[PDB]
Structure formats: C-alpha cells, structure tokens
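Given chain B, work out where chain A with the ligands should sit, using these hints.
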Amino acid sequence: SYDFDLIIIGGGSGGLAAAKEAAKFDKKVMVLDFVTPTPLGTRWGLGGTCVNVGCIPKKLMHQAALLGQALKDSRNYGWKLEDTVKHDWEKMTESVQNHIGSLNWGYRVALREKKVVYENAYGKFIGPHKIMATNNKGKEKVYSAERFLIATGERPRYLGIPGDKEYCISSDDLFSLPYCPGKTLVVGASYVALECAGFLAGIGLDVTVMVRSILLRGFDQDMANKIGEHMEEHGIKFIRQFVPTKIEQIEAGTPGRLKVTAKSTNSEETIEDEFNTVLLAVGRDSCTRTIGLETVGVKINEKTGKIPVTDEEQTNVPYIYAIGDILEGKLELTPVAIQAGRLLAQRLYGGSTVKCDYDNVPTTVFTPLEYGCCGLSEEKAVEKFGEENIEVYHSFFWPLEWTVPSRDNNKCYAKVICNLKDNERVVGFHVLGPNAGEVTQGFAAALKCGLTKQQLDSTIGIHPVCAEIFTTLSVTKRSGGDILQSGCXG
Amino acid sequence: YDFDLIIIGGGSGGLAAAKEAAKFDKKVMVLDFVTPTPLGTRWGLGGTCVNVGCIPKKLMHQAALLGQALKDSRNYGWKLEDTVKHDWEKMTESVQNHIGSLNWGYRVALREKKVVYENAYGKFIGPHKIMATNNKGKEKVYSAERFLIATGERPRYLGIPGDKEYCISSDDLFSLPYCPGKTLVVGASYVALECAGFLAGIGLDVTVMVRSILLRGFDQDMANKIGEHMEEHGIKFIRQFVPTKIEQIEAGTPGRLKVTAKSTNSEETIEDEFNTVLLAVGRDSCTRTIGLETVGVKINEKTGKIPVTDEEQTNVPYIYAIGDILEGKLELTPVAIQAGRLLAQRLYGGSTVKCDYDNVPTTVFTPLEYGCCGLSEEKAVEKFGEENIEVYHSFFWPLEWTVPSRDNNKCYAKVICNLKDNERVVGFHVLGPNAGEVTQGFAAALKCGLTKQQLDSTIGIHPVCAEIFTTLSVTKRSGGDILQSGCXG
Ligand SMILES: Cc1cc2nc3c(=O)[nH]c(=O)nc-3n(C[C@H](O)[C@H](O)[C@H](O)COP(=O)(O)OP(=O)(O)OC[C@H]3O[C@@H](n4cnc5c(N)ncnc54)[C@H](O)[C@@H]3O)c2cc1C
Ligand SMILES: Cc1cc2nc3c(=O)[nH]c(=O)nc-3n(C[C@H](O)[C@H](O)[C@H](O)COP(=O)(O)OP(=O)(O)OC[C@H]3O[C@@H](n4cnc5c(N)ncnc54)[C@H](O)[C@@H]3O)c2cc1C
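Which chain is which? The protein sequence lines are B and A, in order. Take the first sequence: its letter number 407 is residue 416 in the deposited numbering, and every next letter is one higher. Take the second sequence: its letter number 342 is residue 352 in the deposited numbering, and every next letter is one higher.
The following block holds chain B by itself, in its conformation from the complex:
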C-alpha cells in the first residue's frame, strides 16, 4: 500500500497546521500548495490566504493607518511634530511583503524540519486514494495516500458584470499593489470591504464604499451601524443601496482611471463617478469545484460549494477529510482552521477523542474603530431565547488615551447580552473600541466557562483600561436609562 499516510491538499492555515501536527506522530506526510494566479496574474508563496492576502497583510496595513492616527495624537502629548506627515504606499507595501516573504520561507523551512514533503503543485483527485499533482510548468506526477485532507480554502468572487476582472482588484491584489491605489471605490460591506476601506482611508486616500443592502450581514446590526457611522464621521464616503453595472477603463496607468456606473437597489436611477482603483470585496467561493472530487465521490453542496462534514471533519468518503473555510456552516477564520486541523491530526494518529469546538468562536472586525465580539448577536439571542427573556447591559466609554488628543468621546461602546432564563448567562459579548481583539479574547474564554452577569460583576476592573467597562455594566437597554452623556465623573 500507499506513498503517504496523509496528503494535505492546500498549504494554508488549516493545511500546514494539520501537516505540521501529523509529523509529531512520525508518518509520511505531503503538502500540495499552489497559488492559482488572480485575473491580472498575482502570485505568492507557501502559507495560504491569511499569510499572503489576508490577516497578516490586512492587520499590518491597519496598523499603518492607526500609526497615522498615532502621529496626530502625539502633538498633544508633547511631541513637536511638524504639521502633517505624508504616507508612501510603496514603502509600506514593501515592508509588508518583506514580512510575508519571511513567513513564506518560514513555512517552507518548517515543513522541511518536521520532515513533511512539500510539493508546489495543484492537487486534483484522479481516483480512489490517487491524486494528480500538476506542477507549475505543466508536468504531472501521480501520488497515493491512505488518507486525504482537503484544505483548499476559497478565493475572491467577482460580480457578474463587465470590466470587473480586467480593471478591478480583489483582496488578493490590493496587498501587493505596485502603485498607490489613489481615489478608491470599495464595493461590498462585510469584514473585507470595510476593513480595507478603513485602512485605505486611514493612510490618506479618497475612499467610497458602495453598499448593496446592510453593513456586515451576520454581525449584530446595531454594532454594524455604529461601525458605519464611525467610518463616515472619520472621512469615508458611503453610497447606500447601489450595485455597479459596469466598469470601463477611461485610461491605462498605475493607477489608471476607471469609470463606475451603478444602478439602484430599488429605484431606476443611475450614478457615474470615476476612481483610480475599484476594490471588489463581494464574497469568496470555495476551491472545491476543480479538485476532481467526482473521481472519489466526495459530496459537496452544489449550490454554495461547501463540503458538509461530520463533527470530526470527515467528508461522506471515510478516508477523506476537510478543514477550514471550505467546510459548510462553519466559521471561516484562521485560528478555527488551525485548531480544527491540529486536533484532527490528534484524533487520527495520536488517539485523542477531543473534537473541535465551533461554538462561540470570537471574531474581530478590524475597522478603523475595531469591533470585537463573541457569542450571539442581540437579534439572534432574541430569536433564540425569546424577546423579554433577554436582558442587555450596555454603555459608551472613552479610552483614556483619547482625552488628551481631545477627540472621539462617546463613540466606543460595549454591551453584554444576558439570558434571564439562565442566571443571566452572557450569551453575547460586544465591544467597539481600540484593541478590540485583545479585549475580547479573555471574555471568550470566560464564555467557554459559561460566564454569568453576576460573576462578571464580581470581577474587579483594571484601571485605566478599556476592557474594565465590562466589569461595571449596570444600565440595561430595557431599563431605558441614558448611557451617553458624560462624565467621566459621577
């Protein structure tokens, strides 16, 4: 029998995690990674989406925006800054790439050290236990394995409209853009769309977001709106209820000049403006189509493209497994994939019975004002637990760090969502403020311990720190009490 115990299709966050984990148990392991180029032909190394065109470059470019904010603040803390400092897109994306690059090389090294076989090729199933590896130039080799991990993730979706593929960029492209994007239209309004609009605007560019329906579908809608309001108040332009119909090159250039024409969601009306870059951040389809799943009979959701999967990450075909984003009804987040992948390797070759817990996974939208949250949204706790069974403690706050710069009072906002039928279990947690990620993490662990509101209250705050607001959340939404206004002192 076979060439490897395990072949992982995809060298992503989930891929490399399972890969690197399976190696502790001394087994023949192979990773296939291959970066199918974007429309305008962009490439990148081992590491997957987070490393190359996701969290890593996105956070870094976020930080670049924050740091501009930081420079503005420094005046009032006594730093003799000259009047305005300017931003250099090239210098920035260069450092980002320099870090991405070392991550790429880090993983290629890490695989070698753990003795995993790396093959930079496209994996396509050809028959039971048999995969074809089409390498970069065209040559194919055929490999076999006892088990398989499908960990191929997704890629940005385009609109069904013309001009979009040849003239627009996706998340995949922005992060290595060889020129300042200039005036930008970002189309779509979930984490990627707003995050990107947020940092582009933050480094000084003229940015507009074109919203089809609601902001951040799926996330607590009140929080979403506050994020939107914040973004608008800090110089991001919003075009509400419009979809683009065509993108046409009015010039070539780096950046070019493009013309976007958009129809209304309900009226008949038409708008035209012209931008330097159009960012299409409008969802992502799974790479499950062209991996030759037919030839081994893995069932996939035909409509969505996701792979349904047992609570053990097993596909309908018993030797084949799926990990990460391509899974159905899961969270498409990196730490999830890593965990899932790492724990799957435990089960297979280490005899752990520990499953992957997909419940109450914390997330953070890295909008200019960051939004971190964990558990259920207000509407969903109402839906799940019955309206007047839900109690919501909430409040605004002002990071001490902003007082001296004297800006943005009463913009930061925290709330816990509590289940009255359950000892006020904090079944929902939300915070809109700086370092939202850091704040949330702890409480997510606290949620895994089934935290109750009265336990939260018995926990003493840390002062002066943003997260302490959660220790003293006394005003309920139901109670109607004023939460503004403020004061500071009372």
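Simulated from the structure, these hints should not be mistaken for laboratory data. Hints are supplied without guarantee of correctness; some may be wrong.
[Said to hold, decoys possible] In the DSS-like style, the derived pairs of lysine-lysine whose C-alpha atoms are separated by at most 25 Å in a straight line are:
(1) A/486 to B/33
(2) A/364 to B/462
(3) B/486 to A/123
(4) B/246 to B/95
(5) A/192 to B/89
(6) A/364 to B/81
(7) B/100 to A/486
[Unchecked claim] Facing chain A, according to a computed beta carbon distance under 10 Å, are these residues of chain B, among others:
(8) 13
(9) 51
(10) 103
(11) 116
(12) 415
(13) 450
[Unchecked claim] On the chain A side, residues computed to face chain B include the following (Cβ under 10 Å):
(14) 67
(15) 369
(16) 412
Even for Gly, the Cβ is constructed at its ideal location relative to N, Cα and C.
Chain A with the ligands alone, transformed into the frame defined by chain B:
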C-alpha cells in the same frame, strides 16, 4: 444628626460610595482636602488616581508609547523626518487640562446627585461628631449616623536628609513645572518602574536604584523580565544600593543634585549627580491624624492600616473603611470603587452582596506592560505544593513589531495550573503590549474557575497578542524550548 453618612476623603472609594448612597435619597457629605506635599503641591477633587495616580500616569505612559509609535511609523511607510523631540511642558499641560476637567467633573457630579461637598480636612472629635477644618483655618462641627473613612495614603520619604526639600514623589512629578532632566528613580515597585519607564520613553537619562528585588510581591520571574526589558531599552540600573543623602549642588528648574548611596551589604559608596530625584518608596496611610482615638477605631499601629470586617466595617459599628487604608487588601482604584459602591448597596439598599477581593487583576504599566491575575508561580507552589503545579508558558511577537523589525522573543505569556484541581488556571501572566486589555477578560474567566482544558477549547483571535493563551502547549516542567522562532513551524 445632620447627615446619614459622612465620607472622609473624596477619592476613588470616597466619591464612589458617596455617589452610590445618593441613589437611595439620604443626606450625604464628602469632605476632601489635599494636604500639600513638602514642596507644597495641591490638586482638586478626585483623589490619587485622578490627580497623582493612574490618570496622569497612564497618560504619560501613553506619551512614551507614542514616541515608540513615531519610530515604528517609518517602516509602515510614513515619511517621518529623522527624530522628533519631546516637550515636557506641553505634555504635562495637556495632562493637567484633563485632570482639571476631572476635578471640575466630580464637583459637578456631587452637586447633581445632591451630595454636599465641603473642601475641608476631616478630623474626628467624639462619637458621631467630626470637625471640618477648612482651607483657611475656620472649623465647623458636623454629625452623622454613619461614617466612611476613605482617606487613602501618601508617598513615604526615606529617613535621610535633603530628601524632603530636594526630591520629588509621585505627588509632584505629574505637575512638575519643568522638564525633570537626568533622573534618579529610587524604588522598584509599580510606581518606581512605571515612572522610570515613561521618563526614559520620552527621552530622558534615567537611572533606577534598587534596594533588593524588583516588584516585591509580583511573580519574580516576570519582574526580572520587566527589568531586563527596561535595561535593554536604555534604563540604567543600580542594583543593591540605598541613598544616604541628597544635597543641592544648585538651585534651578531643574536644579542639580548630588546623590550619595551606600551598598546593601558591602561598605562601598557611590556618587552621581542628577537633575531630579524621584522617591518612589512606599506610601503610609492617612489614618494617623484623623482623630481616630476620639471614637476608638482600632488601627494596626505598626502598618497604619484599618482592620475591617468582610463588610468594610471597622471595630466601631457605625464607622466604615474603604480602599487603600484597609489591611491586607489590594490598593487599586477599581477595588475601592467596587468596595465603596457595594457598601452603599448594603447599608441603604439591602443588598447582601459583599466585595470579592479574590483574584483581582492588576497591571504594571512598565514600557513593556505587565498584566496578571491570580497567583504567582512561587505562591502557587507554596499554596498548592511544588509538583502539583503545571506551568504552560511561551514567548510571542506582536505582529505589529515585525515590520518595524524589533523586539522578537521579548513578550511572554504563562498560565499556572493546579494538577490537583483539573488544572484550574489559578495564575495568569502576560508581558506584552496592551496587557491591561488582554488580562481583563481572563480575570472574568478566572472568576468562572477556568480550567486549562477549557482554555484550550477556546479558539484564538488572529492576529492578536491575546490568542497566545489559547494555544499554550509547552510546559515549564516538560523542559521544551520556548524561544526560537519562527513564526512558522
Ligand atoms: C482580506 C482577508 C482578511 C482576513 N482577516 C482575517 C483575520 O483578521 N482573522 C482571521 O482569523 N481570519 C481572517 N481571514 C480569513 C482567513 O484568511 C481564513 O480563515 C484562513 O486563511 C483559511 O485557512 P484555510 O487553510 O482554510 O484556507 P487557505 O488559508 O486559503 O489555504 C488554502 C491554500 O491552498 C491553495 N490551493 C487551493 N486549491 C489547491 C489545490 N487544488 N491544490 C493545492 N493547493 C491548492 C490555496 O491557493 C491556498 O494557498 C481573512 C481573509 C481575507 C481574504
Ligand atoms: C503613581 C500612582 C499610580 C497608580 N496607578 C494605578 C493604576 O494604574 N490602576 C489602579 O487601579 N490603581 C493605581 N494606583 C492606586 C490608586 O491611586 C489607589 O488605589 C486609589 O486612588 C485609592 O483610592 P482611595 O479612595 O482608597 O484613596 P484616594 O484616591 O487617595 O482618596 C483619598 C482622598 O481623601 C483625601 N484625604 C485624606 N485625609 C483626609 C481628611 N482627613 N479629610 C479629608 N480628606 C482627606 C486625600 O487627600 C485624597 O484626596 C496608583 C497610585 C499611584 C500613586
């Protein structure tokens, strides 16, 4: 009487209890008075945290950080010129401007909630009777059914000469009318290192004189790492020395002073000269001269603390004590607020809810910040028995530093687990940026008796410093390498 309740001290605990008691419609009075420092410094309503503690300390910390932030911004593409300079006066001006609005916020808040504010020193004269010596000297005599002693502490000096007339405390630093210049900081707990940290961080020549160990009371390994970090980023350390005398070599703003220090064990002597000497060497409670004899409140004579029931009651049943002046408690603001707020609940609202002093999270705001909650490594060994303790720990590198390309493998996290208890995380520690924000949540997680296997089942947030705690697999006992790093493996 005249009042249901008189709160002696308008501090964190004071104003908290005061503002809380007001909901229950009672005649309340706050006496606050700021007894001036040796060199005669004053401030408004709000207490230590507001005027000469957390508020101005964090702000000045932030100023330091922002300098770091400017340095970093170059590699993120900001066309900074080569070096930006700092202006002490412009800084301490903004800080005061904020402190000022806080003063004039609490004064309003008391008025709105209808509490009576009297800016006067409170001294007990007999049962249910207090004397209020106002600022100019006139006294009035008030009465109340109950009393809250909420007087907090003040910086202690060394028993040596020159120190009162030539040195500054925490109390003075935060309104210093001139750039402190080259500084010696004496002492090595939160105040000493925090201050040394931000002073150096805004560009000054800073030396810390350590008597024994760093941060006595806090996990000593973390303390040392804090020390190492501070030294690696340009803070000078004089280990095992106490100053014997401080003598003015000049008057000036800043002056020029000569510090002479003896060794902890050897006979040796050192001399240097600094512009400012910051004495951060403990604080004594203001329990002495509040006329406690005249109402017979027992105080620990040795320490000055007020022993108190699990309900913040002193031995005298109508008299209560809140916050820092309490014996065997934490001297932290949120604690005093909570204690005070909850005491007012019991008295006038019939809540039976006590104040939980267990596993109060704290944060040392040293340049590399240190947050922690629960037991230290030595104390969990001591309390729970050496080989019953398992420690999962690891270094990390905030993504934010990779581009500026600095300070890999400096940030460090550990949980302390009790093997006799399902690996209860009875100890939590993190050295890294935004430590405060990181810790808070986990403190709540500890109050829920978090176990290591629950921590593990919790998914991380990426890329975020705090996620390190979700994946702490290497044990200290196991001996595994935690350096080195990589990033990718
Ligand atoms: C702009 C952006 C920002 C994001 N921000 C965050 C964030 O802040 N925090 C967070 O937790 N998550 C974030 N995410 C989501 C995150 O990228 C994913 O959750 C994560 O990368 C998924 O890992 P994976 O292994 O499932 O898929 P991927 O990481 O995408 O791994 C799949 C890899 O395999 C390759 N491949 C595909 N088909 C084949 C094949 N047939 N043969 C060989 N190789 C193949 C792919 O090209 C890719 O390299 C972000 C995503 C984007 C796009
Ligand atoms: C430099 C420094 C940094 C600190 N940083 C932090 C931090 O980051 N986080 C944190 O949680 N804690 C911090 N603290 C500790 C914090 O200051 C205390 O925990 C908190 O202020 C105590 O509140 P309190 O009401 O107990 O005392 P205080 O706030 O001191 O209140 C006492 C008030 O009453 C006045 N008074 C005294 N005697 C009388 C009298 N007889 N009559 C009338 N008035 C009187 C005092 O002058 C003072 O105004 C810091 C302290 C210092 C010095």
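For each hint, the structure was consulted:
no., hint, verdict
1, A/486 to B/33, "20 Å, holds"
2, A/364 to B/462, "16 Å, holds"
3, B/486 to A/123, "22 Å, holds"
4, B/246 to B/95, "21 Å, holds"
5, A/192 to B/89, "20 Å, holds"
6, A/364 to B/81, "45 Å, violated"
7, B/100 to A/486, "41 Å, violated"
8, 13, "20 Å, violated"
9, 51, "20 Å, violated"
10, 103, "8 Å, holds"
11, 116, "4 Å, holds"
12, 415, "8 Å, holds"
13, 450, "3 Å, holds"
14, 67, "9 Å, holds"
15, 369, "8 Å, holds"
16, 412, "5 Å, holds"
Violated hints for the displayed structure, listed by number in ascending order: 6, 7, 8, 9.
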